[PDB]
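J.: Assemble the whole structure, with the sequences as input and the hints as a guide.
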Amino acid sequence: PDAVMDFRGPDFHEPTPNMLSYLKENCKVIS
Amino acid sequence: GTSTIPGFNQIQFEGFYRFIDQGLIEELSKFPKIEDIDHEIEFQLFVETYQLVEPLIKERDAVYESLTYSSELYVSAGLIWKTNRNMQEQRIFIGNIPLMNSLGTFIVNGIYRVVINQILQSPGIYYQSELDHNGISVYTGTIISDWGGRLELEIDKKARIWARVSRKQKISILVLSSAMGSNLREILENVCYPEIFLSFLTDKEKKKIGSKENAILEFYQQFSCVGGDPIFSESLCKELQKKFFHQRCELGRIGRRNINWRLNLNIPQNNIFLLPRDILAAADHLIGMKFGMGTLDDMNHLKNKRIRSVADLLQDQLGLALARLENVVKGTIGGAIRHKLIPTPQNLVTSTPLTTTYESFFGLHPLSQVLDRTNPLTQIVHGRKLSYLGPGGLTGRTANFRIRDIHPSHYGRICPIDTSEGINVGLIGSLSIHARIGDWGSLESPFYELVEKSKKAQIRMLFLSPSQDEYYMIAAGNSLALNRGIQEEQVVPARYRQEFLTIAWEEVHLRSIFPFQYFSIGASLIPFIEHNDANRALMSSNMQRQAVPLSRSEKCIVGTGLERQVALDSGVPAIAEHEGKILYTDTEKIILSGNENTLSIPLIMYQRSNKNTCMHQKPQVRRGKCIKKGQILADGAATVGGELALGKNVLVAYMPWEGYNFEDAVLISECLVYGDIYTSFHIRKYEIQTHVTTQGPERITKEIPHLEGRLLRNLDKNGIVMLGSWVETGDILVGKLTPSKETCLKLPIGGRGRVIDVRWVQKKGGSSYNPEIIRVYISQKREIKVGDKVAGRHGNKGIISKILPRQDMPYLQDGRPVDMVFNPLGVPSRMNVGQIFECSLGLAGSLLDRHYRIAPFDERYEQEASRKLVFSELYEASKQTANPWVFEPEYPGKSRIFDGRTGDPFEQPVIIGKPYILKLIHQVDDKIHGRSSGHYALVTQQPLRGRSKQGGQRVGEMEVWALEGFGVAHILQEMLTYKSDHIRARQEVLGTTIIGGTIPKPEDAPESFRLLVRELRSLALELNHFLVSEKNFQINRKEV
Amino acid sequence: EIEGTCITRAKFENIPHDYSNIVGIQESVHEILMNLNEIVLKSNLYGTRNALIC
Amino acid sequence: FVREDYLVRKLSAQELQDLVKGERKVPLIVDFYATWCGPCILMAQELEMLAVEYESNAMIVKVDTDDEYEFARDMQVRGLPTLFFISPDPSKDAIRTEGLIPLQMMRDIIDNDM
RNA sequence: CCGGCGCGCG
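Residue numbers (the deposited numbering), protein chains in the order written: chain J, 398 to 428; chain C, 8 to 746, 772 to 1072; chain A, 56 to 109; chain O, 72 to 185.
No lab work stands behind these hints, which were simulated from the structure alone.
Be aware that one or more of the hints could be misleading.
[Claimed, not checked] Straight-line C-alpha distance at most 20 Å; calculated PhoX-like pairs for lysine-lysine:
no.: 1; chain 1: C; residue 1: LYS65; chain 2: J; residue 2: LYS425
no.: 2; chain 1: C; residue 1: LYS177; chain 2: C; residue 2: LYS211
no.: 3; chain 1: C; residue 1: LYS89; chain 2: C; residue 2: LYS250
no.: 4; chain 1: C; residue 1: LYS65; chain 2: J; residue 2: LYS421
no.: 5; chain 1: C; residue 1: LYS211; chain 2: C; residue 2: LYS165
no.: 6; chain 1: C; residue 1: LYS177; chain 2: C; residue 2: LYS165
T.: Take a look at the structure:
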């Protein structure tokens, strides 16, 4: 009843990246 | 999504990223190299130099001060002055491109917006046959282009083929075929029936066919229905090409794909135009199918559909944006040329085309909607909707009755339960949990492949489009069955060719193994859903979207295990973006430091949604705790420990109690009131704007004439209500004077509360006066009351009609009174048995200190799987806690309870438990309305419409029929003349009733009849009302 | 029918409204009020007595 | 701009040999795992947490036995999950732990044995 | 104080 959900567990997708940071990471938006 | 449930916003996330990569480049092309008529000045864009820069305003700032979250577009242009033969290239400014949030929503003018997906008929060739008046079968083949252009090929009674374009414009195939240049010789050889085409060759058509141009002119005559002989010209073909070839002959990449399949053609993919062979090949099947060769096309099949995401909608508006820019430049280059000046490339292009067409796309387009922020469940399900409506789609009146039905191609792609209620039923869908949008606009769901021994099969999870869905034998059963034979010969239910079979395992290709495969988020939050009738599942999904976040939240004892998925993908909780350690925590912020990177995460404190619901976050970690990237840091509203928490676990009995739970009424205890179990915060926003009038701009001041100091007691020196003041109905919020009449902002009826936020802000503009805006936010603590609506997750809704003291409620054998009493008669008619399972298991979990997250359809393991789970957990709680009433061997789940008023037991055992009950937005204090008199409409002079406008109630024609059925002719006249629109008689009724001196008959016409007479006068018609005296037969003209 | 003694009204000094924070205090005003509501007192007498937290 | 989701790095047998040969300041923790092994998922999560805890004071690496089966057999690996705690001092001897040991046990080994 | 569009409730 007091369990905290572990979002890095085997039943979860990969952490959702920041959209702006994802765009900048792939070199699509300049600073 | 091969091995886990995918992100609920992954379709929005991937669509927008596709637009950035390929949508911009594919649309920045096609931009014409703009040249003047003289060809002197040539303006062009260098699309390979296009760039986007990160927005200058932060995403929090964009919504805070009503801005738009967008990024700059900075392509480069080259202007050619052949007069000087010199080139100038500069980084010109094109516009602002809105940016999608990680949650999948845009921000325009400080308003969250969501772009929903659309369903429409996929391009290709479609074969249909419709009966005529006499029942003679008439076949038809229809070409659908990339823009909805329909080219109908029809067979008439005389077997003559006509390429119908409109309801009247009819053109033969030979003229159309020879319009493009198909010589009459080769048309006959490429079909199996040269005779049929030759039989319809009148001597007039042959001469026009013989030459290419005469076919074009005749085709124009039949297509345009214009009297006279047109002259062949280059402009005529271009005019026809835009109207006909541009809209009815470009298939596209998808359109070519289907035509190659349905017409069985080996044509290269790159050919995105309707080749002339396709038309001639289509006529072969069309005539050939008339003789039993083939099958008709299923129009409701999902393999004949496409899905347009935010990628297609944002790219299309860019097609309008740049086409709107070229018309701006053409006027600009022509204007500067007439002045013989050399304009810099920046001054030839303004940012209005891109910025405005995106500003007006979210504002006006039906597929762009305001994000619903009632609770975390509404934030994510709104973005996953599929609609047949919108531009290019059928309307509710337009919608066919065979549509709105469930098609076998929907399984795993469109939820069969979730749909809208009302006229739009069956037209607004919802994506399944595991559904994915393919690369052809088709929906895909994952299936597990069973293959032979000699096959690698590295990944056996393959996503299946509806086109290939039919031709696989897909089973949903299990392999827990053995007889004296072998396992491969055991039979299981399966799907094949849109039907349900029962075949052996050795003939099964794919298995459906995911538990939430066929459902949407709403239906996937219902525990024991397989015991509820599917009719209530639709209602239950809607009610969960209306749940109000409570001032304190708690997790459900019984769930499905999807609550953690909903919490993660909603963005309401705080999720770490970097691994590290927790160093500091408080209400306003959480400080996380990891790998020499120290971040500070602010927490939302008592913020307002678009639905007047409070948003609030509390920390979920302590100082000194190590954190992984992607793990929870804090809990938001309606979220506990990383799970969706929309309700409370309360003690509940299912019995009738003295008629106070009659029909759907709910009897509750005072403990739910003074315990603040169902207390919610509600925040309204009141805005006032300052405008510049002819007499002068509006002024804001504390000093207001003809007002008491008691009303203005909460104002500051500037004239605005003080932060942290308890306002009242009729109190003053913003004191404003219009030259000066009082035009101040007052608190409406029932809005009493505490002022929590004031925003005195100026919008900087190019005028000498800047519009001042004031926003007052008022919190209202609403405990549960009589008339509020509560519901469970099984379609069990009800109104609170009675609140009792705890000593009056029925109580259990441990002496505890129950909190709610529900009518047991609501189960058999509503056929939702899953609520009986949940309440018994919720009681067991509370005693055992356990929570349960149960996937649906647990009877796939064994018969009565839910019964064994609930009964064994009820007995475990009974045995461990020494509470023999919790599990009764005589009648499991039911126990004898006692009357709180007499102490005597009720005769029959009562099913008791601890279910999960939600509090809904539909409640009193937002629905109670009253009116004596007041403001009336300007034209009809009838009382206004709406509770917010202090309007009256309408007595429609069906209510007039009832009054005529009773014969109450004087009640009817009151509601027709001097309570609605008889201006003279309304003022006399107000006077007589205050002196109590009898109301006389109006005897004159109301303003609605006089309004009709004038309108009839405007049509040169006179309508006179005459009274003929029965005494002397004198005709009297009534004033009208 | 059994009566009890409880805290019914608390007065602050530098608070705009009960939905705000105090710098250096981990709990907001709302949490402080909720904690004050949970204090169990005992008394045999009636009347509106006042206490002090300083 | 986007941080990586995993801090434990996968190394080859040759890369691990070079790492062990070279000068080491912090303890080196070598994990042997296989993706088909059920217990290795929990060990993977535990080692991610351990890597988060020991930012620069330890080095966590993993070796897949489906790529270095002979190397794992040489290193006296009898099953999965198997951990090797290698001290920075060459004079001392490494510690092999077999099974899903607790995170506190890993912390104790690193603190008081490496 | 006027109409369209979208979303809902019974």
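J.: Are the hints correct? Go through all of them and say.
T.: Now the hints, each set against the structure:
1. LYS65/C <-> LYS425/J: holds (19 Å)
2. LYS177/C <-> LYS211/C: With Cα atoms ~17 Å apart, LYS177/C and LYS211/C stay inside 20 Å; holds.
3. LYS89/C <-> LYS250/C: violated (36 Å)
4. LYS65/C <-> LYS421/J: Given that 20 Å is the threshold and the Cα spacing comes to 15 Å, the pair holds.
5. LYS211/C <-> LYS165/C: Measuring from Cα to Cα gives roughly 18 Å; hence the hint holds.
6. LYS177/C <-> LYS165/C: Between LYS177/C and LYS165/C the Cα gap is close to 15 Å, so the pair holds against 20 Å.
Consistency with the previously given hints fails for number 3 only.
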